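Participant: Take a look at the letters that make up each chain.
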Amino acid sequence: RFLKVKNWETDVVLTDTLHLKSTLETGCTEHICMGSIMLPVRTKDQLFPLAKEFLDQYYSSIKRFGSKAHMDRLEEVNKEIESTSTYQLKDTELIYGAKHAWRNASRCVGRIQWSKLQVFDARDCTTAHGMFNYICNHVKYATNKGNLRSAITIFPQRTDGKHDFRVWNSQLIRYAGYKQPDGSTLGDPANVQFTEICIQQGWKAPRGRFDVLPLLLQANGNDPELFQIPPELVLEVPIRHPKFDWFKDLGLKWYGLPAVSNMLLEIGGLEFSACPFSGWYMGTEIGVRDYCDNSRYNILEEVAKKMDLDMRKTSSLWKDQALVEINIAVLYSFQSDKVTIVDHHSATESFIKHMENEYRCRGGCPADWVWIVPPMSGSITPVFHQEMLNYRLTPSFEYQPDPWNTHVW
Amino acid sequence: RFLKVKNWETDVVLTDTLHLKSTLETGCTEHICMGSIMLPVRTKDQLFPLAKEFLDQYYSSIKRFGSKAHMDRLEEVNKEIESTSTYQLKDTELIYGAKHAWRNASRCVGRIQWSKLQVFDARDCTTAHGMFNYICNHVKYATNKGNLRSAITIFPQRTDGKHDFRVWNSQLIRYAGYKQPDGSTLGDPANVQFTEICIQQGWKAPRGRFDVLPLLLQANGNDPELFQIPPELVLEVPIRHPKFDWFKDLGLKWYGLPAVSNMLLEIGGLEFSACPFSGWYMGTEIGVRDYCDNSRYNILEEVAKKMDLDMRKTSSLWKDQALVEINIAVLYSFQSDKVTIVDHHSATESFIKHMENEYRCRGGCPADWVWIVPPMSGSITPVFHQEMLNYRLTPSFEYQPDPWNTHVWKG
Ligand code: HEM
Ligand code: HEM
Ligand SMILES: Cc1cc(N)nc(C[C@@H]2CNC[C@@H]2OCCN[C@@H]2C[C@H]2c2cccc(Cl)c2)c1
Ligand SMILES: Cc1cc(N)nc(C[C@@H]2CNC[C@@H]2OCCN[C@@H]2C[C@H]2c2cccc(Cl)c2)c1
Ligand SMILES: C[C@H](O)[C@H](O)[C@H]1CNc2nc(N)[nH]c(=O)c2N1
Ligand SMILES: C[C@H](O)[C@H](O)[C@H]1CNc2nc(N)[nH]c(=O)c2N1
Ligand SMILES: [Zn+2]
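Protein chains in written order, with the UniProt record's numbering: chain A, 299 to 338, 348 to 716; chain B, 299 to 338, 348 to 718.
The set of hints was computed from the structure by calculation and includes no laboratory data. Cβ coordinates follow ideal geometry from the N, Cα and C atoms, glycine included. One thing to keep in mind: the hints can contain errors.
Claimed, not checked - 20 Å max Cα-Cα, derived PhoX-like pairs, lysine-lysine: (1) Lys447/B to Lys626/B; (2) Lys452/B to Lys612/B; (3) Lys397/B to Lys370/B; (4) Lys620/A to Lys645/B; (5) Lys447/B to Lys550/A; (6) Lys613/A to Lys560/A; (7) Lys660/A to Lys406/A; (8) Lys613/A to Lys550/B; (9) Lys406/B to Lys660/B; (10) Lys406/A to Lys370/A; (11) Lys550/B to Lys612/B; (12) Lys660/B to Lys620/A; (13) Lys612/B to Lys550/A; (14) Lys560/B to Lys613/B; (15) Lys370/A to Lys319/A; (16) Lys550/B to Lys612/A; (17) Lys423/A to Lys660/A; (18) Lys469/B to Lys717/B; (19) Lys612/B to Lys555/B; (20) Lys645/B to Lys555/B; (21) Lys620/B to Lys645/A; (22) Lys319/A to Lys359/A; (23) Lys620/B to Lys660/A; (24) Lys555/B to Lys550/A; (25) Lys423/A to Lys406/A; (26) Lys319/B to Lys359/B; (27) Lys645/A to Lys555/A; (28) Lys620/A to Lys550/B; (29) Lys359/B to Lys386/B; (30) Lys319/B to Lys550/A.
What the hints assert, rightly or not - Every beta carbon over 10 Å from chain B, so not counted as near; a handful from chain A, in silico: (31) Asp352; (32) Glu360; (33) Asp398; (34) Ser422; (35) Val426; (36) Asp428; (37) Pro537.
Unchecked claim - Away from chain B, derived, C-beta distances all over 12 Å, residues of chain A: (38) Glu307; (39) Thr327; (40) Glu382.
Build the full structure now, drawing on both the sequences and the hints.
Facilitator: Structure below.
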């Protein structure tokens, strides 16, 4: 229970002590590692230890641990739980909880930024229409005309769990997908289902390739409702290449704001089932994953053809060649249009710096190597050579299943 | 208990029951995953269970579980253990054991090949000179003039742990590394320490960028002895690029035969501390790791320079550009000289078909994702998208510390 991590490129060894404060289960056992499995109410009794654990860490953070003000809040929260079966966070607590859920997100390479997070408190929200208003304000604030700013917006916490707030979308901004008589897929094959659910709720799809999807918002356990985000709030980037004049003709674009909206924020045992958050893209996610995944826009073959490469044998590395050029183009387009983006070299470098800060100041940094190492050029980024320990700390973000599977109408 | 893995590209779901046969520990717990941590004598007492488990597996494999042959062999081994504290494997058991250790090796993408392995039984070897000869024969057989054949050579097992056979080299063929007084390195920085031991053991080093190291071989717990592999036996490939004609003048070459020599093979509780084995390269190992790791030959800068790439910002992806070209060159060069090599697209596709076949016939296939996914172009290979379960089956290969840290010098 005192663990070393070694970087094999630099020989730097760091000692992890933070893992001992870890609480939740990993999915791994002594006999089986589940490191690469993507997926490996609360009663009164369960809630007070959770609240106490959180308030202790909070009061510790502001150097008032064991102070009258610490004990008094523990007292206040205990009474409120006993009498109301739940409790409410102070603004200061909510801000701290959200920043720490990000600090603890072991799959997140950009956490050097964790303390610069603008938190929008949407706990007074009561309808879908209000949710939409909050989300547009989030979008406009975060986008900031291309100078992106990290933000989260936090809707009301769970109660009896039959009144959840949820954003049905997996991200605030994504593109539609429709399956055609042709048998192929137009637009984003990842969202075919969600797009069907939208149309059957009433969306009129402009039956195209890069149709920004409508929001489906569920306030207070109600049936969700549709809203189109103002087109003028969705900053999109046309994709061109600095050297390939034909590239623009693929007709590719992507949206500037990555904004995850399906997670559950847990703070001091309280559960925030709608907490859309956003930062800015690492270029590989668009160029490697969205564009080149087989099940996504799947554009390797068309780009390779346009480059006039040898597609007859895997060993000519035509896929690898086209992959790099696609990613040069994503970075180039975002940079030309002055929209914040980070390349994988720069993002992984800052993360190693972040890991070292966290090791000296905090005793560790939970990190999931399988997600942290970029989907291309892994071993030429410093994170490939860095041992990481993965463990679960709270406050946390947790993945929740798609609500259409669940919800009753 | 059943455990499922998903492929996120295909939605193919597989069910693992084989993990139930797993003995050793992973390093992970309910509270911590050590999946990216590189490193996470027996008594009679622990030995007969291990022997029994093994022979039961062997006898099942051949469809004679519970036969008189099976029961006779159990009795025979038990008696040998109580009487001598160890036991000897029959040839058939050794072969089966060394194949299964490969089969079980969760970090190996090449395992579709597992049933095709040449086993050289070197258990009669007694001296380092005898080890050299065995290793020469292995290299010649495996190389096969570029038509590479997988092989393993198995030296006598551990006895009291004071009489170990070991190959001090980490692979049979690697290049020397010389650390210069200015702090630069000539040749391979990975082999600096070992090169320095060779030299101290009396090696006359040529001091160039690609000097094949001498074998340093330890027999029967004795101090290791130096041998030069006959150069005519060391197949090498000069590295050139199909389109860039300046690439040859970087002066690069690599050896054709990757041959891991530092691992410990465990079969049925017995420990084979010298068991060099070899297959053939996947190109990325040379082109990504050996050439492009910063702590190795580190050629990215020189290549990208010659390619006239924009090097002022990482966002030009100049490193990634130079990386692909170097890997094209490695594959082209090997193919042009008719030396077996597999590209990472081909090897991963084959591995997925192997893993799937194993789930159907064996009830699973332990795989270490962190190692199986190639160190370039990860997500455009099918393995990236494949959930894997990592666990430890015997027979097995295990890492062992370098012997210069443990050896009792006899002088
Ligand atoms: C500011 C720039 C940021 C960068 C460059 C960044 C980078 C990334 C990347 C590349 C991923 C992988 C996503 C994927 O592969 O789908 C990720 C995952 C994640 N990040 Fe960040 N991040 C940023 C901001 C944020 C913020 C503001 C939060 C929360 C407050 C956050 C929390 C998370 C979480 C919880 C995941 C895992 C998502 C999942 O399980 O689907 N990140 N991060
Ligand atoms: C036949 C062609 C083969 C190919 C293409 C192949 C591919 C690979 C690759 C790329 C690695 C990772 C190497 C590294 O990163 O250092 C590996 C690891 C490994 N393979 Fe293979 N392999 C082959 C044959 C074999 C054979 C013949 C054996 C033993 C009989 C073997 C057992 C292992 C073991 C134990 C590891 C883990 C090595 C370690 O921990 O350092 N492989 N395989
Ligand atoms: C089954 C499953 C589990 C989990 N935990 N996540 C997913 C979502 C799956 C997992 N990686 C792909 C897909 O995510 C796409 C969304 N990417 C984030 C937008 C990008 C991003 C980038 C930078 C900053 C931020 Cl805030 C967000 C699926
Ligand atoms: C600390 C440590 C632990 C372990 N388990 N292995 C290592 C050796 C580390 C692990 N990746 C780098 C270094 O290996 C270089 C040798 N690679 C084998 C040549 C390649 C190979 C390729 C194809 C077929 C075969 Cl039989 C063998 C180091
Ligand atoms: C099975 C495997 O865990 C899965 O493909 C993972 C691999 N690593 C990843 N890494 C990131 N950042 N995002 C992902 O979606 C994935 N997918
Ligand atoms: C820290 C990390 O586990 C380490 O760098 C690993 C990652 N994956 C690897 N994969 C292979 N094939 N070989 C390696 O040496 C490594 N090194
Ligand atoms: Zn694990």
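Participant: If a hint holds in the structure, say so; if it does not, say that too.
Facilitator: How the hints compare with the structure:
Taken as a hint, the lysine 447/B and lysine 626/B pair is broken in the structure, with Cα atoms around 37 Å apart against an allowance of 20 Å. Simply put, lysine 452/B and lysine 612/B have alpha-carbon atoms about 35 Å apart, too far for the 20 Å limit, and the pair is violated. For the hint linking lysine 397/B to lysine 370/B, the alpha-carbon distance of about 17 Å falls within 20 Å, and the restraint holds. This hinted pair checks out: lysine 620/A and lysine 645/B have alpha carbons roughly 16 Å apart, not beyond 20 Å.
Using a Cα cut-off of 20 Å, the hinted pair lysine 447/B and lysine 550/A is violated, with the two alpha carbons roughly 49 Å apart. Among the hinted pairs, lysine 613/A with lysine 560/A is consistent with the structure: their alpha-carbon atoms are about 18 Å apart, no more than 20 Å. Between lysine 660/A and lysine 406/A the CA atoms are separated by roughly 19 Å; this keeps the pair inside 20 Å, and the hint holds. For the suggested pair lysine 613/A and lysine 550/B, the alpha carbons sit about 18 Å apart, so the restraint of at most 20 Å is met.
For the hint pairing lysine 406/B with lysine 660/B, the CA-to-CA distance comes to about 19 Å; that is within 20 Å, so the pair holds. The hinted pair formed by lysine 406/A and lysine 370/A meets the criterion: a straight-line CA distance of about 17 Å does not exceed 20 Å. Taking the CA atoms of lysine 550/B and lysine 612/B, the gap is about 16 Å. The hint holds against a cut of 20 Å. With a C-alpha separation of about 19 Å, the suggested pair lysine 660/B and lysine 620/A falls inside the 20 Å cut-off, and the hint holds.
As the CA atoms of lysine 612/B and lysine 550/A are separated by approximately 18 Å, the hinted pair is consistent with the 20 Å bound. A distance of roughly 18 Å separates the Cα atoms of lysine 560/B and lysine 613/B; the hinted pair therefore holds under the 20 Å criterion. For the hint linking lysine 370/A to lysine 319/A, the alpha-carbon distance of about 18 Å falls within 20 Å, and the restraint holds. Restraint check: the Cα-Cα separation between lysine 550/B and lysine 612/A comes to about 18 Å, which is no more than 20 Å; the hinted pair holds.
Taken as a hint, the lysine 423/A and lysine 660/A pair is honoured in the structure, with Cα atoms around 16 Å apart against an allowance of 20 Å. With a C-alpha separation of about 11 Å, the suggested pair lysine 469/B and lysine 717/B falls inside the 20 Å cut-off, and the hint holds. Proposed proximity of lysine 612/B and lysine 555/B is supported: the alpha carbons are some 15 Å apart, at most 20 Å. Only pairs whose Cα atoms come within 20 Å are accepted, and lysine 645/B paired with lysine 555/B is accepted, the gap being roughly 18 Å.
As the CA atoms of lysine 620/B and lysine 645/A are separated by approximately 16 Å, the hinted pair is consistent with the 20 Å bound. For the suggested pair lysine 319/A and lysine 359/A, the alpha carbons sit about 14 Å apart, so the restraint of at most 20 Å is met. Under the criterion of a C-alpha separation no larger than 20 Å, the hint pairing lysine 620/B with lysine 660/A is consistent with the structure, at around 19 Å. A threshold of 20 Å between alpha carbons decides the hint, and for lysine 555/B with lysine 550/A the separation of about 27 Å lies outside it, so the pair is violated.
Restraint check: the Cα-Cα separation between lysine 423/A and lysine 406/A comes to about 8 Å, which is no more than 20 Å; the hinted pair holds. About 14 Å separates the Cα atoms of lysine 319/B and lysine 359/B, which keeps this hinted pair within 20 Å; it holds. The straight-line distance between the Cα atoms of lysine 645/A and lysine 555/A is roughly 18 Å, inside the 20 Å bound, and the hint therefore holds. Straight-line distance between C-alpha atoms of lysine 620/A and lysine 550/B comes to about 16 Å, which keeps the hinted pair within the 20 Å bound.
Proximity of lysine 359/B to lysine 386/B is assessed by CA-CA distance (about 12 Å); at most 20 Å being required, the pair is judged to hold. At most 20 Å may separate the alpha-carbon atoms for a hinted pair to count; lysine 319/B and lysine 550/A exceed this at roughly 56 Å. Distance check for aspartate 352/A against chain B: the nearest CB is about 22 Å away, which clears 10 Å, and the non-interface claim stands. Consistency note on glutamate 360/A: stated as away from chain B, and its beta-carbon is indeed over 10 Å from all of that chain's, at 15 Å minimum.
With a least beta-carbon separation of about 32 Å from chain B, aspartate 398/A lies farther than 10 Å from that chain, consistent with its non-interface assignment. The beta carbon of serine 422/A sits about 25 Å from the closest Cβ of chain B, which is more than 10 Å, so the claim that it is off the interface holds. For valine 426/A, the non-interface assignment is confirmed: its Cβ lies about 29 Å from the closest Cβ of chain B, beyond the 10 Å cut-off. With a cut of 10 Å on Cβ distances, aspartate 428/A stays outside the contact zone with chain B, its closest approach being about 33 Å.
With a cut of 10 Å on Cβ distances, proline 537/A stays outside the contact zone with chain B, its closest approach being about 31 Å. The claim that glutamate 307/A is not at the interface with chain B is violated, since a C-beta of that chain comes within 12 Å of its own (minimum 5 Å). Residue placement check: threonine 327/A does not keep its beta carbon more than 12 Å from all beta carbons of chain B (closest about 7 Å). No beta-carbon of chain B is positioned within 12 Å of the beta-carbon of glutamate 382/A; the least distance is around 31 Å.
Against the hints set out earlier in the document, violations occur for numbers 1, 2, 5, 24, 30, 38 and 39.
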